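Undergrad: Here is how the chains run, residue by residue.
2 protein chains.
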Amino acid sequence: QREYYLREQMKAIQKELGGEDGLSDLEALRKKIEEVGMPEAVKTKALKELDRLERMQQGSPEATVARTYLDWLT
Amino acid sequence: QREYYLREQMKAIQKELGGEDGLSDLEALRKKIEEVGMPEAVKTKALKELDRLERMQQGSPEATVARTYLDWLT
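So the sequence lines, in the order shown, correspond to chains A and B.
When you line the first sequence up against full-length UniProt numbering, it's residues 221 to 294, in that order.
When you line the second sequence up against full-length UniProt numbering, it's residues 221 to 294, in that order.
For the record, the hints were derived by calculation from the structure and aren't laboratory data.
Incorrect hints may have been included.
Treat identical chains as interchangeable: a pair holds within one or across any two.
[As the list claims (entries may be wrong)] Derived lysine-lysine pairs resembling PhoX-like cross-links, with alpha carbons at most 25 angstroms apart:
| id | residue 1 | residue 2 |
| --- | --- | --- |
| 1 | 268 | 231 |
| 2 | 252 | 235 |
| 3 | 251 | 263 |
| 4 | 231 | 265 |
| 5 | 235 | 268 |
| 6 | 235 | 263 |
| 7 | 252 | 268 |
| 8 | 231 | 252 |
| 9 | 252 | 265 |
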C-alpha cells in the first residue's frame, strides 16, 4: 500500500511535469508480467529489472535498451 | 544571477517572437494527415507531437527531429 501511494504520487509528478507521458513510464509492470508465465526466478529477476526504472525518462542509450530487454522477456 | 535573469528574460522574448516560426510546426501535419488515406492508428501515432510542445524552443538535443519525423511520416 505504501508502494501503491508512492508510485501513484510518482505518476502524479509524471503527469505534473510532462505534457504527454513519454512512452508508458514504468506503469504496466504490475499486470503485464503477472499473466505471462512465468517461473518465479524469472519474475524476481523481472522485478529487479522492473523496480529500478525510476532512473530516467528521456533518451536514452541506457533505458531504451532495458525497455527492449523487458519487452523481449515479457 | 544578473546574467541568469537576463538570459531568461531574453529567452522569454525569443519564444514570444516565435509565432509562425516556432509556433505552427503542426499545420503541415493537418494538411497531409487528414487527407485521403491514413488509418486511425496512423492518426494516433501521427498526432503524437502536438502536445509534446514545450520542448523545441527549450534546448534541445531533440528539437528539430519533429519536422524530420513528420516530413518522413506523412
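Undergrad: Against this structure, judge whether each hint is valid.
TA: Hints, one by one, checked against the model:
In this assembly of identical chains, the alpha carbons of residue 268 and residue 231 lie at most 25 angstroms apart whether taken from the same copy (20 angstroms) or from different copies (20 angstroms). For the identical chains of this complex, residue 252 and residue 235 are intra-copy neighbours only, at 22 angstroms inside a copy versus 30 angstroms across copies, given an alpha-carbon limit of 25 angstroms. Within a single copy, residue 251 and residue 263 get their C-alpha atoms as close as 12 angstroms, which meets the 25 angstroms cut-off; across copies the closest is 28 angstroms, which misses it. Taking identical chains as interchangeable, the C-alpha atoms of residue 231 and residue 265 lie at most 25 angstroms apart whether they share a chain (24 angstroms) or sit on different chains (22 angstroms).
In the homo-oligomer, the alpha carbons of residue 235 and residue 268 lie at most 25 angstroms apart both inside one protomer (22 angstroms) and across protomers (16 angstroms), since each shortest distance falls under that limit. In this homomeric assembly, residue 235 and residue 263 come within 25 angstroms of each other (Cα to Cα) only across copies, at 23 angstroms, whereas the closest approach inside a single copy is 28 angstroms. In this assembly of identical chains, residue 252 and residue 268 lie within 25 angstroms of each other by CA distance both inside one copy and across copies; the values are 15 angstroms within and 24 angstroms between. For the identical chains of this complex, residue 231 and residue 252 are intra-copy neighbours only, at 18 angstroms inside a copy versus 34 angstroms across copies, given an alpha-carbon limit of 25 angstroms.
Proximity of residue 252 and residue 265 under a CA criterion of 25 angstroms is satisfied in both settings, with 14 angstroms inside one chain copy and 22 angstroms between copies.
When each numbered hint is compared with the structure, no violation occurs for any of them.
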